[PDB]
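Partial view: only certain chains, each at its native spot in the assembly.
Chain naming follows the written order as A and B, and within any one chain the residues start at number 1.
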Amino acid sequence: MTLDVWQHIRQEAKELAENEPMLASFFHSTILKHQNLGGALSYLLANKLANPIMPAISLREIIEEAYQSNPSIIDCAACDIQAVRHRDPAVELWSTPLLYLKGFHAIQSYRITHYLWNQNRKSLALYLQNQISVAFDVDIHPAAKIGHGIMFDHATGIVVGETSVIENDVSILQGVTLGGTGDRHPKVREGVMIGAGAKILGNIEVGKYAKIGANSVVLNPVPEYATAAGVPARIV
Amino acid sequence: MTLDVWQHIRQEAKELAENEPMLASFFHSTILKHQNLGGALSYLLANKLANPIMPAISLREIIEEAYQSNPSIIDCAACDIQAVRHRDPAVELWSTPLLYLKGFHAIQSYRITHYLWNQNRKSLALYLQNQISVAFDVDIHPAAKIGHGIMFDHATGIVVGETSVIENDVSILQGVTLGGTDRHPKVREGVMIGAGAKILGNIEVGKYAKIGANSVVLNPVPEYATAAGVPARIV
C-alpha cells in the first residue's frame, strides 16, 4: 500500500529527527508536515529540480497536477522505495531512497515526464527531462518505457534512449547507456542487472535475469539468465 | 545566420507558450522578451550558472561583456543549434537546443571562457570552466580549441583537455574524455565519438572517423575509419 510504506517513512522520520537536531527541520519539511507520499514526493522533487527561472513553487504546481491526474505515479514510487530497500544490503531505512537517492528522484521525475509525453505535453516533458539531467545527472527520454521496482544505484551518467524499454525489477548502475548505433534502443527485460559503465546499443534484447558486465558494449541480444561481458560483449 | 534561427526560435516560443500555460512564463523570460539570440542566451546561461556567491545578475554582466566584445561568439551558437537540429532527427525544433540541451549550453558557456582565456582573464576563465562542470557536468579546459557545428548529445561526464582541438561538425556523446596518457587529441571534422570513449594523447582522429562506445584510443585513427575496442583497433 502507498499508505504502509508511507507509515514506515513517517515513523522513521519522527525517530530520526529526535536523534539528529541539525536535521530535524529537514525531516519535518520533507516528510512529517506532509499528509501522504505524493505530498512529500512532490515537495522533494519541486525543490530538487528548482532553479532561478522556474522556482520550487512553480515546479510543484506541475507535479501536483500530474499526481492528481494519475495517482498511480505515486504508487510506482512506493514500489521503487521497496525495491532499493531490499535489493540494496545497506539500505535499511524506507525513508532513505525517498530522501537521498538521486537515482530514485530521477526515476520518479521521469515518470512525471512520461505521463506528460503521453498527454502530448512535450515541451513540458522535454523541460523536465533536461532539468532532471541537470539536477541528478540522469537523462531518460520521456518516451522511454520503464516499469516498477527499478533501481538506479548511484546513477551518475545513466542515459536512456527514446525507444528504450525497461521491465520490472531491473537494476542499473552509474555510467550505463541504453541507446543505439524506429526501434534503435534496447529492450531490457525483467530482473536484469546492468554493471557500471555498460553501453547497451541497438534494438537488441537483454533477457530476464541476465547480468551485464561493467564497461561492456552489448550489441547482440543476451539470453535469459546469462552473463554478457566484454567489449564487445560475449556470453560468458 | 542568426536572424533566421532567432526568428524561427521566436515563432516557436509563441506557439509553445500558447499551447502550454504552465511554461508560458519560461518561454517569455528566456526568449519572447528578448530582442536577439545574444540576450536570450546570456539570460539562460547566467541563470543556469548562477550560485549564491555569484547570482545570475552578476554572471550576466560577464557574459554580456564577452558578447559585446566578440559578437561572433553568438554566431557559433547559431551554427550549433543548426547542427543539433538536423544531425539528430529526434530534435525537431530550433529552440530545443537553446532551451533544453545541457551539452549545447556547456559549449556556449565554454566559448565564453575560451575568449576570456584568449584575453588573459584566466581566473575568470577558470571560475566559469568549473561552474560549467557543476551545472552541466561537462569539463572543457578554456584553452581547448573548438569549432562550430558541434554536438554534445546528453553530455554527462565529457572532459576535454587543455591542448585539445575539435573541428567543425563533430558529435561527442556522454562519458567521452579527450585527454592525455601538446598532450591531447586533435579531432577533425565530421568525427562521431561514441559514449564512454577515452581518447588519449596528442593523436590525430581523422575527419569523419567513427569511435566506438567505450573504446580507448591510443594511436592515430584514419580519416573515414572506425576505431573500436580497448585499445582501439580499426574495424
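Note that in this section a residue touches a chain if its C-beta (ideal position, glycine included) is under 8 Å from a C-beta of that chain, and two chains touch if they have at least 3 such contacts.
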Beyond the 2 chains sitting in the coordinates, how many copies does the whole assembly comprise in total?
6
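Keep in mind that, in the parts below, only the chains that are shown with their structure count from here on.
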How big is the gap, in whole Å, between where the Cα atoms of subunit A centre and where those of subunit B centre?
27
Where on subunit B does subunit A make contact in their complex?
16, 19-20, 22-23, 25-26, 29-30, 47-48, 50, 56, 90, 96, 99-102, 135-137, 154, 156-157, 173-175, 194-196, 212-215, 228-230
Spell out the residues on subunit A that touch subunit B in their complex, using ranges where they run on.
51-54, 58, 61-62, 65, 121, 123-124, 126-127, 129-130, 133-134, 137, 139, 141, 156-157, 159, 162, 175, 177, 179, 197, 199, 201, 215-217, 231-232
